[PDB]
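Here you get one chain, nothing else, as structure tokens; it is the form solved without the ligand.
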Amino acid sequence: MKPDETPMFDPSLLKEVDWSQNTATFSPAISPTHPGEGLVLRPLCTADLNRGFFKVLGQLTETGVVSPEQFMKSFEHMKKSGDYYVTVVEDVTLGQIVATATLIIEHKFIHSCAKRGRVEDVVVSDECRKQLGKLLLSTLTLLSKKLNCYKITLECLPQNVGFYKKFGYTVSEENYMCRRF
């Protein structure tokens, strides 16, 4: 039970995607396979722990004091389900995570027992203002349409609506309601 290089899902699944079906604009043109010079687009592994993964998460929102056992426990149950796709971009020649986004598969009974996707926890490093945000969002979206998700949704503040539209997301009429404890 110690951090290693085991991924959460089959890496080939990211290189397997129909990148011809990309909606976004890329200049210079990049891909899942070749995401940028120095860069690796892959699944999250437990070793990423050391490599700034929380440094990057900590930009988007609170990450408290995270123990190693709690992170591997969380990861293990995420790997176990097959429903989580935490997807990271590492700057290889630094040993540092520079971007993350999560795909989540919800299983449903409606629309003839369809699956649906949720995009969570999207953050690009302060450092890399390298086209990662586009790359992650277009990759994950396309993965969802291949894991036979009928739809995929996400929540985001107004300022970011425009960003998400380049992937063919649109504003729904439905409000988002929350309650903490």
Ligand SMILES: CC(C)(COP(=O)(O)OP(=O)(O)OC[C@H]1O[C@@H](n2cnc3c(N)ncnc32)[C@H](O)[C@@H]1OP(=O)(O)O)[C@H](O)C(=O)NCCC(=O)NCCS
Contents of the next structure:
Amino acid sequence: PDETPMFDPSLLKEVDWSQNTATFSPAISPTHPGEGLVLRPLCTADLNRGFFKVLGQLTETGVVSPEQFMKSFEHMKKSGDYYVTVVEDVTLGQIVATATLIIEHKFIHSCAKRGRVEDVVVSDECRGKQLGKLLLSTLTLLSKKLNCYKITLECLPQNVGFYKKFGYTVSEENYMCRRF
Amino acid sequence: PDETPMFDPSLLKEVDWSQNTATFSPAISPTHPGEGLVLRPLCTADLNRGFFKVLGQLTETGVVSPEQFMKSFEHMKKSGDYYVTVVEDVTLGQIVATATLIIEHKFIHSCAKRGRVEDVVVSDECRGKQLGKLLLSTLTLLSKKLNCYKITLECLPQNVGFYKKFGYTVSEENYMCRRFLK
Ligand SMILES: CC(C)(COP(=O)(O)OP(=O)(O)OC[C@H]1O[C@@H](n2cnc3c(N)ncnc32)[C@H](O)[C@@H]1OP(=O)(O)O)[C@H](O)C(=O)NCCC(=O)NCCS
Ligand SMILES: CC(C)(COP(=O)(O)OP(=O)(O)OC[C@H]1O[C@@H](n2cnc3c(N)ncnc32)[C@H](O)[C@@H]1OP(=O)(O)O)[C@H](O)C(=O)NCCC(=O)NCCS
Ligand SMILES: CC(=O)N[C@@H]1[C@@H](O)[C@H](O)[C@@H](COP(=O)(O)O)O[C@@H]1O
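Can you give me the structure for the form deposited with the ligand bound, which would complement the form solved without the ligand we have just seen?
Up next: the whole complex, starting with the chain shown before.
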């Protein structure tokens, strides 16, 4: 594991924060996430900073080997299409929040790009401290900057009001699943 | 534009068709999609086989240069994660149906893979020929074969009964969208 980021950290900096609509108090931003905190791409050393401990609060992570993580990480990085983003408490050296933006390429809408928000979770001790809003507003604006024609996500009905804060609305389409 | 497929066509013969749950009458399969038809990966030469005319029946699919199409194709090919699959009517040399399987990589569920079914459309003159069922069944089984832990898709409630035929069920989760075009 090293400090190589999954994607160019500047992409987070250069998001047009003027387009944010979510309310912050105090007014944190991608460049100013809160003292002692950094908002950045996942890097391979994050395996040892409790990345999986955070993800484990959302759903099951099973047993993951360093080699398994490295291979997944390298594939994601190589694609250019995966924006796994974390908030790290630098004083503790621990990940405290994560969210992923995935870019999908299509042929419809003039060879469009489409965004998906995945795997959004704030560590329990850090909930209600604006990090979910920060992650969501930053990644949503990043997809618009990357020329996505739309961005989508799925959530339980109890979380709908949260995502509304970044301009998401409930689609008429149903989400259908088959589990193997 | 050439005949090179987006993915290994062998993968379509390796789908365990005995696991298909949808009812077909007449019996057709990935191997035998019907007389005059071939189910196969997209290739760049499909640009000139009416590929976009089919997509245009799904949603807006406007102006695209040959180089833009080839760039998207190569990018999709290079990832190994895109399975844009077509049915061609060989007598006419025209695409008559398309569906895409995308493989998404995760860190959850022990660094799992999950499938997405996207951009499913049969040309209206070929509907009721079981080509939509063929594509859905094949891609669903292919995702299983590729060790996805699940596969998902979104559709208007008006299409729910179609996807039920392949073992999909309506999830409790809401689908949410921010449209940057309107
Ligand atoms: C808790 C969670 C949903 C929100 O993140 P958070 O950091 O705790 O929330 P924030 O402090 O960033 O934002 C708080 C704001 O969102 C609102 N909010 C929080 N949860 C909400 C919900 N479920 N529905 C509607 N609004 C919600 C609060 O009222 C507050 O509103 P306001 O500050 O605008 O007045 C977070 O994303 C999380 O990890 N939760 C548990 C795992 C999870 O459910 N992940 C999402 C999978 S879809
Ligand atoms: C029309 C479409 C959805 C299905 O393809 P098709 O050629 O009509 O269907 P097939 O001949 O392969 O399968 C026919 C079966 O599916 C059923 N079916 C077709 N459309 C259906 C729908 N919208 N809802 C429920 N069932 C449907 C038929 O009743 C028939 O049932 P049966 O097998 O018991 O006889 C097709 O994929 C299409 O291009 N439609 C318009 C574009 C579109 O909406 N794409 C899907 C977006 S989520
Ligand atoms: C299974 C399936 O085919 N689902 C499609 C989706 O894949 C496609 O991208 C979208 C286009 O509609 P849009 O132009 O409004 O984004 O329609 C449906 O939701």
